[PDB]
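Just the one chain here, the form deposited without this ligand, laid out as structure tokens.
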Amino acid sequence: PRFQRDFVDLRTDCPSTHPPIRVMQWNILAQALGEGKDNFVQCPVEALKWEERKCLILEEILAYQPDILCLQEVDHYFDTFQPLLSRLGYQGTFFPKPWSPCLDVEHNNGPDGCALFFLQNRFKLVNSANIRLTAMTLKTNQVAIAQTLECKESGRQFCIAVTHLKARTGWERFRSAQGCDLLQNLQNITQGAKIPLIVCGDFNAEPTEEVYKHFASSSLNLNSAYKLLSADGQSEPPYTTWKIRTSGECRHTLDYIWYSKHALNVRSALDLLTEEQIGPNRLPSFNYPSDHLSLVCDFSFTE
């Protein structure tokens, strides 16, 4: 089973008063893409059944109990995730790509896109922002959702954001422009970095790309939460996705959870799977519904 990852007690060291905020980042893998476009040559097709992956994703959410849920590649929002998660208290909003590649697949379930769930009993929605990312006025196919939430017990406001940049190789400059557009939007929505901000998303980029450099050196004072897992707390994890395609076995770190370095403490982080644990055929499989591992962290304000 995949339920073998541990939460590492982390950096805060403060006794801090308020209850933690669970934030989950995950590329749940689209069903249309997993069947048509994705080239999982080692994964059985019976493991890729929709009714099967549907339950595993639900079991993943039930296991970690997130207060906030950021998702990429959701092509079954209205079919599955919205009515079920609302029955568990989650308020959610959906924003599909204008030209999703899922439509290229024969028996597709419509467009895929970002999704943002949050416990309605824990947070009050302040403002919405469906952002179509642009590269110097050029409307891109990619999409982001920014929202301000108020803690009903504290009154502390903060912003969460979910995105999914341009995928393949040869789009580094394109992704870099996409990231800059999102940064400019978040700088406006957070009222000039006056309110804390958390950014989840499949950036489709290694830490070496310029898009990562822009986020790491942004004036929003952001930091990658999963870096704290490393020995120095300065290194991005060795992977966030691991799969074998027609091209070959692929192991990349593309998922991130950015946060206000000055206003947010990372209480914990769900550690990764070892090679012996993930199995030889890698992700996905009978025991995991996606080629991406979910990122889960506990956040907390600095007082």
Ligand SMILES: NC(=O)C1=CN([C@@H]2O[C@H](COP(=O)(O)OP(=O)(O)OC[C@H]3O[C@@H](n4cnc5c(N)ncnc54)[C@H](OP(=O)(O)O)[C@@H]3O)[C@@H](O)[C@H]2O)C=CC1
The other form holds:
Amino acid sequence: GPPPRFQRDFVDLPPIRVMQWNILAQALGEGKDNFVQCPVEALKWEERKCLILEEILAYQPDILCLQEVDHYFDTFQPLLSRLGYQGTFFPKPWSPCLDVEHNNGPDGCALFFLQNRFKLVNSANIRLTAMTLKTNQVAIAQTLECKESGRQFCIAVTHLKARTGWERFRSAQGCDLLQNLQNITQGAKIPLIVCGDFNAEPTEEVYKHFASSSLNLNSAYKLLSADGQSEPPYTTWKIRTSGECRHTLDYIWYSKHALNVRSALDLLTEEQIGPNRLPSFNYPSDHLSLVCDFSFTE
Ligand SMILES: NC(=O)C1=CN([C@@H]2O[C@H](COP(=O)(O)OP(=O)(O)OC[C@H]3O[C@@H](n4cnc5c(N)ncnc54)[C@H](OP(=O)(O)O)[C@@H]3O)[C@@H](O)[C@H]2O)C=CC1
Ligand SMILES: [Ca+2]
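Given the form deposited without this ligand above, produce the structure of the same protein in the form deposited with this ligand bound.
The next block holds the full complex; its first chain is the one shown before.
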């Protein structure tokens, strides 16, 4: 069928468009994930590189928050720079990509913004800790200033520890991240948007901490549901040796009292995604991109 970027629609709910995407590290896609039903030819870097850029070009985001970026310096930083994006990259200290014999270096988080829209006010590369234990996961938090209005806001991207058995570990990481954002936003004086692959479904403690934080954060993709009270049924969908995995791990959190969600990019239906799920010949990651338009209240 056609590329998913031709199937997904924006639900209507100087806007700022934020895109959240775990793009699937090249070294991990070929060497560790064991996508037993995705053809190997669809995982080639040249094919994936082109599909990732096409997704970004389709949605023309003002802010791009990425995880699992192992081709920052050779691909995404130079190419997106030519399109007007300023980039920041922060690698995991011990990336699993380094376990692959022909990898392209460590993966990590990246944060891109359109230079002609925003001025960079401050930036922090945060190594997440779990009750003071130094972990292998990271966050980037930047304060930006709108060059037209003068409004400042904070954008953060993170990637938490994966897999079952790390629920308490993820909760501690999230608490550290929230603690950092408390400091950077001066007690919610600055509006906040947090993008990440939290590697946790809404039933996990880490989700509840974000949902009950005094930062007053809402999850943007809940607004796709009828009453706006439920997270989407999935943000990642693939088939491993272990079995078919379909769950919600990706979120865009936002200051409920300071930002309004104007739109959200809808999900694929079961019929549209195809029997072989993601990734595929027409989509380069096992996670769907999340895209929302925000506006400042009043
Ligand atoms: N540098 C070196 O020399 C050595 C590296 N290692 C270590 O391996 C460790 C792994 O790194 P870490 O950051 O903790 O990675 P995580 O445990 O947090 O996640 C594993 C990565 O593969 C994806 N994934 C999800 N489910 C599975 C699965 N069932 N099987 C395989 N992959 C899956 C995940 O994506 P998603 O988020 O979407 O779920 C994720 O990106 C590192 O600490 C590294 O130091 C091991 C030996 C030597
Ligand atoms: Ca992955």
